[PDB]
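*Asks:* If you want the building blocks of each chain, they are given just below.
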Amino acid sequence: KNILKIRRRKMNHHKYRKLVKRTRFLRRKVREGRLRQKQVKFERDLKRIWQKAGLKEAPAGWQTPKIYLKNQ
Amino acid sequence: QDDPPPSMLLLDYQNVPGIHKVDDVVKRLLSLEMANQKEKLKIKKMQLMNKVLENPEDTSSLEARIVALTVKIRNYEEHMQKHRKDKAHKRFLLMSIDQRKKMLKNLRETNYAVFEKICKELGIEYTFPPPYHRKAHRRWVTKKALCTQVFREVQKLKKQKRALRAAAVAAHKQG
Amino acid sequence: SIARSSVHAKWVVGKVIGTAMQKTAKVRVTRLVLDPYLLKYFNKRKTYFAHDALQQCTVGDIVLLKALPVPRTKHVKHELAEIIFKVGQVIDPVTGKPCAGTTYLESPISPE
Amino acid sequence: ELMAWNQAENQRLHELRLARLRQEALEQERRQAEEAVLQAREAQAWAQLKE
RNA sequence: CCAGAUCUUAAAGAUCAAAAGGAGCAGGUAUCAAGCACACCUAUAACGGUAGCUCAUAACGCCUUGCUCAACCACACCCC
Ligand SMILES: [Mg+2]
Ligand SMILES: [Mg+2]
Ligand SMILES: [Mg+2]
Ligand SMILES: [Mg+2]
Ligand SMILES: [Mg+2]
Ligand SMILES: [Mg+2]
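Protein chains in written order, with this note's numbering: chain B, 1 to 72; chain H, 73 to 247; chain E, 248 to 359; chain W, 360 to 410.
What the hints contain is simulated information worked out from the structure, not anything from laboratory work. Each hint should be verified, as a subset may be incorrect.
[As the list claims (entries may be wrong)] With a straight-line Cα cutoff of 20 Å, these simulated EDC-like cross-link-like pairs (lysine to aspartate or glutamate) come out:
| no. | chain 1 | residue 1 | chain 2 | residue 2 |
| --- | --- | --- | --- | --- |
| 1 | B | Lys66 | B | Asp45 |
| 2 | B | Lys52 | H | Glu225 |
| 3 | W | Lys409 | H | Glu111 |
| 4 | H | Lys215 | B | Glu57 |
| 5 | H | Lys154 | H | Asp75 |
[Said to hold, decoys possible] From the structure, some residues in chain B lie toward chain H, with a derived Cβ separation under 10 Å:
| no. | residue |
| --- | --- |
| 6 | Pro59 |
| 7 | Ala60 |
| 8 | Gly61 |
| 9 | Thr64 |
| 10 | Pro65 |
| 11 | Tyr68 |
| 12 | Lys70 |
Even for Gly, the Cβ is constructed at its ideal location relative to N, Cα and C.
When you get a sec, could you build the whole thing from the sequences and use the hints?
*Replies:* Written out as structure tokens, the structure reads:
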């Protein structure tokens, strides 16, 4: 009655979980990539700031930590 | 930390006549010695409400409620120091703290003299809520730290450039 | 006799938001605006910086602002005229007596 | 004219109010008598029990 | 709120009104949520000093776009 709706979702979810199992290391690769990208855009955002403020180098003792690439 | 002495003769039996004439043993059974913890809280409450307040008779007054709630809060503090993982009492503590503070912000808006006094006496410190509660996360925390360092650099450099300007123009103007 | 300000705001009344800058009160002013669809009135808020000469202002005080003839800065167009309700110390304008909330702190019928 | 009129009006109301509050003060002292009686009775009862 | 231009006349007026402002109103998108110096004082106009300012009543972005029409706003080959 209502289960028809549930059943549908049920199927969808199953099929998707299955797929994540197959596609797993492909997915790993893509997410690691996106994390690198993220870190980079972040660095650019920072660099952009200290440059538009007229400074040449980043301020003394600034290492710009790696937040997204944080070890799992 | 205060110390409502072991021999202190519980709240209800303090004002009954000729108590001090009784022999050591009964005096001892009516002591905070043989007492519960709840009796030490009654005592602590009376004592605080006498040190801090003006009219200890009014239970109704905001100030009175703040004092009482503060006794309860210090008590949950103790309990929580012993039991780290009790989440139920952690709830009581945080909650009851928010109630205290709500009442404080209500004093400050109505009778300020008293509010001032209470904060001094119970050692409570009243902070205004921030505007904008937002979760400070890794990206924002880092970026802000950077922006602050950048700022401090820049204005320091403008200061050095003005020192150079002043020195140059002065040593020029003299000869 | 020319002293004016081009502002619409010649007199306003508002709460003191924060005192953090030297000699300058941040003040939240609030007006009623009629939401056209619902025909109802809601409070739009707007902030004003005001010049406080003696730094008289706690946060939470209701206060009255007069428009400054010559703007002190780009953001400061008003000077603080009066303190209408000091925060949590309020003297009833009707009976001239100290009150905390709805209670009289010193009764007006006990002069002596 | 109108500001003066308003002034006199506020003063009128002020006197009315002072009357009302004196009255309330009286009724209040009456209440204090009642409460003092009851609290005295229960003070006694408590003293007896504890004794 | 008006500097300025112009007309008239001695002046005063008057027409068009740049710049500067703000009671209020003003496209979509919050999967754009933080912006990163964006404030104030001092006083002499500088030296100096406080550490602020904007923002979930939508800041800061991105997309789309002439308009609320006795009219108004903008452009004038391109690089605002
Ligand atoms: Mg399906
Ligand atoms: Mg003119
Ligand atoms: Mg104009
Ligand atoms: Mg177009
Ligand atoms: Mg062009
Ligand atoms: Mg062409």
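*Asks:* Okay, which hints does this one fail, numbers in order?
*Replies:* none
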